[PDB]
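Quick setup: one chain, the form solved without the ligand, written in structure tokens, and binding and motion questions come after.
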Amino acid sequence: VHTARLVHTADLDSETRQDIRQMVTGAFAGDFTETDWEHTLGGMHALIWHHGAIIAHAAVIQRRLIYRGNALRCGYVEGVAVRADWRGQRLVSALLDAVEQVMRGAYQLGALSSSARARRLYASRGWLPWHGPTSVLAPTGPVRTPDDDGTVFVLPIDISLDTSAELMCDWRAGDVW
């Protein structure tokens, strides 16, 4: 059994920070860009090592998601990756056990964007698929992000959420979800 360790970005020593960046970049099935790397920073990284090398990573960063006029405090998951030689060993579950613990202890909900493949994993853990329109609060005002519809999942922490409502994330460069 593997258990993930939660390390804040600030506690990533240089060697470890570089190892995570390259592992995630080399494992992500999406096109993981420099801006996607930047989106993994600022919060808590769930890490698993094997004999000195990083083999699994998931970060949970803090942002706001606006739901019916309220800017909810969100733990957003980024950069979930397991090194190719370590897949099939339930490491993703271990990473999610760690970031969900952070959500329960610090946020009003967790949220993430899922690969269509991975949808079943998140649903099996209790995450709910968002059905309403997603959008981002851009500098010009709200902008709908339909390409992201159907990819967002939420893990409310003791709050109710009508998942058919709009969910508007806050702005950043690159992929907003």
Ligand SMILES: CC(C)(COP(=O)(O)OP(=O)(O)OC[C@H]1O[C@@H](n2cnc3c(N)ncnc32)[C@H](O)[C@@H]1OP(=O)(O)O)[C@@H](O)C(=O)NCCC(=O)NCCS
Contents of the next structure:
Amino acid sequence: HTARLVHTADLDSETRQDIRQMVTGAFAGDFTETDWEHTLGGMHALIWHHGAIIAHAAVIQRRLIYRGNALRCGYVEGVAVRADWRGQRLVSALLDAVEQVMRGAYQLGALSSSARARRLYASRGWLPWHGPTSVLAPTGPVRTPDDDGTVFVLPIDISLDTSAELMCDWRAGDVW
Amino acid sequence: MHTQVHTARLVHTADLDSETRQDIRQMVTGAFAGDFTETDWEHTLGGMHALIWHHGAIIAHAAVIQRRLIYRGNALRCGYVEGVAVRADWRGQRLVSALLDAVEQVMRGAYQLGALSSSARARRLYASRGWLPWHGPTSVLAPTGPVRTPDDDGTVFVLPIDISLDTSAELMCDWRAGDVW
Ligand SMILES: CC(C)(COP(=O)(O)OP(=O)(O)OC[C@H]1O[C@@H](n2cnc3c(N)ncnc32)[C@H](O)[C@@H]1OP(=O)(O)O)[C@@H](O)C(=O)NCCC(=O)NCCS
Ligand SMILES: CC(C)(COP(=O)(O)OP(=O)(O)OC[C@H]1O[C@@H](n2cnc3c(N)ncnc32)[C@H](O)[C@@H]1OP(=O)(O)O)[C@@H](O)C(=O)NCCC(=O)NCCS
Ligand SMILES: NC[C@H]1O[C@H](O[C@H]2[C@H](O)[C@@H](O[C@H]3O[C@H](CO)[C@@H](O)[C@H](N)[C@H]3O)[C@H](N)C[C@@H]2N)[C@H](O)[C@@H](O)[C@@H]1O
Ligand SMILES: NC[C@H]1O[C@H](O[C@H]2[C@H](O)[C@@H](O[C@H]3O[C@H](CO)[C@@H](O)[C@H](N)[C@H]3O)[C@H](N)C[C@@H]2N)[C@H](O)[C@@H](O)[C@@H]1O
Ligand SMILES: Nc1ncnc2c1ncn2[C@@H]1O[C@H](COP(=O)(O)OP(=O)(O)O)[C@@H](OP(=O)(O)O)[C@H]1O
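Could I have the structure of this protein in the form solved in complex with the ligand, to go alongside the form solved without the ligand above?
Time for the whole complex; same chain goes first.
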């Protein structure tokens, strides 16, 4: 019913493995070792039932460049509810915890959604990015057309022109 | 369990009550004698603050924030240490060692390396604990592309976590306003 927030460095090895395995199975294989690396470093929202982790979402810190400013961003990764626990709105409890972190620490939240999860985020006030997305790669700005149509943002202490360019910072694997 | 007196406590920025957040900001700003800007304050936000309490006031602070440092084309997951400060009346009692015990525990548990910018005076402290001085040229991946940061050469220290870094190579931090390192 309610998620508990734990920083990566506060996860014991057993809990870390339990999280990785649950998230990985929830994605049915579509979750790579670099996707797992992207869930580390920040706050994990976790819901347990009788000692088993049944839901997870992580919010990690990065910068998103918007109109020349490198905005302090809480980026959401690894959102997953164990299959047998789906359809009980557990994801709402995960997102209440992640959005609380955003309000207290960041200028905006952001994330990359599948087409079917778009409704979930929009219903909570997240906004679909309509402008071109890019990544500040080591060679300079590079457009990321495969991620267009997947980015959502949650403004905290700003109004955003969601049809402007948005440029994430660099990492391996999927940059968004 | 004992009283935990002067053990640093790790608190995420989002879990700081407003009174504590203001005490940290005024304590760190005053500990730097005029050299800590509002952009330096922004740089302490978003991660875990290691705090040492005495009589309900913050007497020491160090924040570990997440960023990427690019090494040989690899964007390493870095815990970057900002705002390291011990209030002046409490200096010379090794409280910075208690802040660093917490900072280094956060690196081992969550990042591929710790990194920070050290004054010449503090170099010895970091080196005695195992941090390595970065000898290679530093740069930042600005929106226009890579650009050297010569003023930051000779100041960066790193704490690799089970990875091997050639500390004579180029190291390029990611972008942000104000001082990038
Ligand atoms: C997306 C996900 C986190 C939603 O979690 P949840 O707690 O089940 O969400 P909800 O209960 O609010 O249901 C969301 C939708 O899931 C679907 N659903 C309902 N019961 C389900 C079940 N028993 N089995 C599978 N899917 C189900 C419905 O389409 C529902 O839509 P609606 O609420 O508008 O009617 C979860 O399906 C999951 O982990 N999916 C795989 C990982 C993934 O895609 N994560 C999101 C990446 S952006
Ligand atoms: C750097 C700092 C955090 C060290 O904290 P600390 O808990 O006082 O550290 P230590 O007790 O290990 O003392 C460090 C050195 O300070 C010196 N010192 C002792 N008392 C001191 C005082 N009252 N004021 C200044 N320096 C003092 C000694 O040279 C000591 O070295 P020693 O133990 O080899 O004799 C603290 O001086 C500080 O807050 N400085 C201002 C902010 C800053 O520069 N931050 C660090 C950025 S790299
Ligand atoms: N794989 C695991 C990851 O999955 C999601 O993120 C990814 C999106 O799903 C991708 O979207 C693509 O796949 C969707 C679903 O098939 C399509 O709808 C969409 N048009 C496609 O572009 C997008 N390109 C990258 C992004 N990292 C989670 O948020 C992320 O935490 C998790 O690590
Ligand atoms: N200003 C407030 C900040 O100060 C330190 O970091 C700054 C270093 O002090 C700078 O270094 C310069 O000043 C040192 C001390 O005089 C000299 O030794 C050195 N050779 C100089 O280049 C460096 N260029 C940027 C770095 N952000 C703290 O770590 C940081 O958390 C805090 O926000
Ligand atoms: N070694 C120290 N360096 C600087 N401040 C100190 C040190 N030891 C004690 N203090 C402070 O000096 C003050 C008096 O110390 P105590 O609280 O330990 O008093 P006590 O001996 O009567 O039990 C306290 O500050 P405060 O009144 O502003 O809260 C205490 O924190």
